[PDB]
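Read the single chain below, which is given as structure tokens and is the form deposited in one PDB entry.
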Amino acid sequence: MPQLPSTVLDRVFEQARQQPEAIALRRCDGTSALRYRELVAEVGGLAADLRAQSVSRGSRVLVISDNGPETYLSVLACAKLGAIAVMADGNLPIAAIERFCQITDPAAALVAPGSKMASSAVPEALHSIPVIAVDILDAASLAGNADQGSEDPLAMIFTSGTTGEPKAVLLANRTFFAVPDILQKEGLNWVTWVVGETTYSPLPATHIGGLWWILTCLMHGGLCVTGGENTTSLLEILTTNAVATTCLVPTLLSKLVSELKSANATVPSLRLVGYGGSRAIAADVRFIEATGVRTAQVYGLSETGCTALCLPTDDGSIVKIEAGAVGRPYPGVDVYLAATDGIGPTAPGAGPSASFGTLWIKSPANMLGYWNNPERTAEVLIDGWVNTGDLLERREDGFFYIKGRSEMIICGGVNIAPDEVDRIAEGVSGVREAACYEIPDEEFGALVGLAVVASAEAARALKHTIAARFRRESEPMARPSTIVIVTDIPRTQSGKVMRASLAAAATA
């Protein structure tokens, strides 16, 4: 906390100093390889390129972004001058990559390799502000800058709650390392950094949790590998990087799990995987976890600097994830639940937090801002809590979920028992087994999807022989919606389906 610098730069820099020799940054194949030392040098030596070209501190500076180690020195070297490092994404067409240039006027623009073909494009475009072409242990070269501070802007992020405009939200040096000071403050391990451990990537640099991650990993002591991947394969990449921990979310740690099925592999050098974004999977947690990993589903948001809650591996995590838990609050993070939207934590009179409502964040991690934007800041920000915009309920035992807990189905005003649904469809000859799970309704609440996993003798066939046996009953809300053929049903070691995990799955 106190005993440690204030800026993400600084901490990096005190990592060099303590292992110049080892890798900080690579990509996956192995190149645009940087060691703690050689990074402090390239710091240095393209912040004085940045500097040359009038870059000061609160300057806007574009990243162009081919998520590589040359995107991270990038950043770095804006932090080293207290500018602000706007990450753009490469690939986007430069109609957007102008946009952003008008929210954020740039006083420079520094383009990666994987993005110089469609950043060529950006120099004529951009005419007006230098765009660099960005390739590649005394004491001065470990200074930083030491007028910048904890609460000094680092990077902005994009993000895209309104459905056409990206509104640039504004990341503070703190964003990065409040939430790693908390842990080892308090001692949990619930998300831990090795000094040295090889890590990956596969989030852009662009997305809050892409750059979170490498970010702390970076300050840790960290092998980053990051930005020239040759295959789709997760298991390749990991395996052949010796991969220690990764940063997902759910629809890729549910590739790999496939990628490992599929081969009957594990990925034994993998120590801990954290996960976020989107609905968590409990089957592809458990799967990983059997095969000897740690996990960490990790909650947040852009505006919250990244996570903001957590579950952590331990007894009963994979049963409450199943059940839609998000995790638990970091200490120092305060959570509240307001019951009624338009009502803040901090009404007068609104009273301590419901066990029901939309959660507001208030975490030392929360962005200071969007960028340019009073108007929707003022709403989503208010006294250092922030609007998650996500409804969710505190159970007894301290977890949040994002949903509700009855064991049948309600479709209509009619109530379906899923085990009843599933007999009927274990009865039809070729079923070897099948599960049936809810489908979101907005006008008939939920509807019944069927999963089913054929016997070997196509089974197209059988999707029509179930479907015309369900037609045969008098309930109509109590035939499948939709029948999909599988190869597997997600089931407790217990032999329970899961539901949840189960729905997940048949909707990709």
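Whichever C-alpha set is largest while still superposing within 1.5 Å between the two forms counts as the rigid core. Numbering follows the first chain given and starts at 1. First, how it differs from the form deposited in another entry.
- Here the two forms are overlaid on the core, and between the two forms the C-alpha of 433 is the only one among 334, 390, 229, 433 to shift by 2 Å or more.
- Once the rigid core is overlaid between the two forms, residue 369 does not reach a Cα shift of 2 Å, moving by less than that.
- Once you line up the core between the two forms, the Cα of residue 272 stays within less than 2 Å of where it was.
- With a cut-off of 2 Å and the rigid core superposed, residue 144 has a Cα displacement that reaches or exceeds the cut-off between the two forms.
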Second form
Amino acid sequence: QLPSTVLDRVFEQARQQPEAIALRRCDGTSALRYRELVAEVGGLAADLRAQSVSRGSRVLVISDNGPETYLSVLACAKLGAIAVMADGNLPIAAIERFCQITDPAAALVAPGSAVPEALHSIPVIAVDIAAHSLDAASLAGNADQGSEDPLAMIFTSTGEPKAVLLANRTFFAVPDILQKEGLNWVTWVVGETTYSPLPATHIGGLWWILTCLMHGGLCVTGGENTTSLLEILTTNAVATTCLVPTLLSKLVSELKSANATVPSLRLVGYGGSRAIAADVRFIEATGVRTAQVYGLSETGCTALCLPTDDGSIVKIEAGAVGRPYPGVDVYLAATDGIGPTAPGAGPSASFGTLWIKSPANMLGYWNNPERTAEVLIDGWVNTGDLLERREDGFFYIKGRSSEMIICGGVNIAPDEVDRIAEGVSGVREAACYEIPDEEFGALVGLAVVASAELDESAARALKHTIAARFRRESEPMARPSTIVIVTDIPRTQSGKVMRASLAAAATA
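Pass me the form deposited in another entry as well; I've looked at the form deposited in one PDB entry already.
Just the single chain follows, nothing else.
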């Protein structure tokens, strides 16, 4: 039986490999060995204790996505305090808003990114690191916390922001399931190097690093010196990383612009928005295993998973988000206002709003019982997302299918649009895709591959030429609403254009 708190599971790794490096930035500064982490947690928690910060107290962790932030989280955990995750880049008014919601007892400021008015009334502690033996006095003193005790808070927006309270179990519930069931969808390897572009104030970022820390991994976060992702993954020789479809799309573009490969890369976790099947297939060709994750902050990150397997690329293109881990219960509410907690009807539908009952679910929105009671009922979380459980057992976030692009009410054949587009001089290859529209059904989006290498002006010139061509040759509604110059066009082995991969990339 593993320890029941995040901090204890981390310290257990610190006992096995105390000299192993735990946290460091991309360049290498703010580096912490596991023994240095334990020592610094104790010191910072001692500094917090001098500011009336006790068990249950809330601490505003002004994040920098670096080692100092996750140190600050674990320092709060030592007191049994709650680490309120606040983005350092955000304007003062946002952070001032955060303080009013959470009413923190103190603030932990990690460098780096003129302070809010609320911080003038509360204690503020600066947290930074510089460049022995495993101290047993810092290993002792862990507050008697449990899996149900709150650890951190993550903010989520439609307009107004809410504070998602997360217990310790959120960060190990699913990993323990994968271990117990002997599943390989997402795996950790002790000592291996990982990187997170996702901020610590992001549910995906905070969750990922903590899971890696509890598995004794080398976690590289914060201190980005380059906009290049290919560089960081190869410079630091990472094995695993957590991405959003936009960032994975960026990486693939870099892996194409240069005949490149990240050999050290073993596993890629991706999610947050519409998956791009083209980018996933490309990186699986490299030999890297991937796993799509579906979830919310309210569900403690991942709840459904889509790991690398036969036919995976096919269903990801069809809009599959995956299927739940064993122990995570799912329910499709066909009618609004009638969930699984409603008496009578009924069994889960094959289509409807997704309700999730997971051991990683939130405790509830902080200081907001009214809204919490609309989303969290009897352990079930209303995701508010429409899903479809198809006849294969997978859940799809979009529906099938548009064979023609029906704009307004007129059926528009993609082959015709492609033909007209390809009839233009400067174009080598062209493919259109469907852009959904509530008012007009669908829109015509057009991806274009230029024969030559165009600058900013030549590309714009080609764009206006293609549009003027459609104005004359085609008719409404068969006129492209958007025309974009793309490096390449993803196709199946049958030669069929993967238009969903184009659409997903168009939004991202």
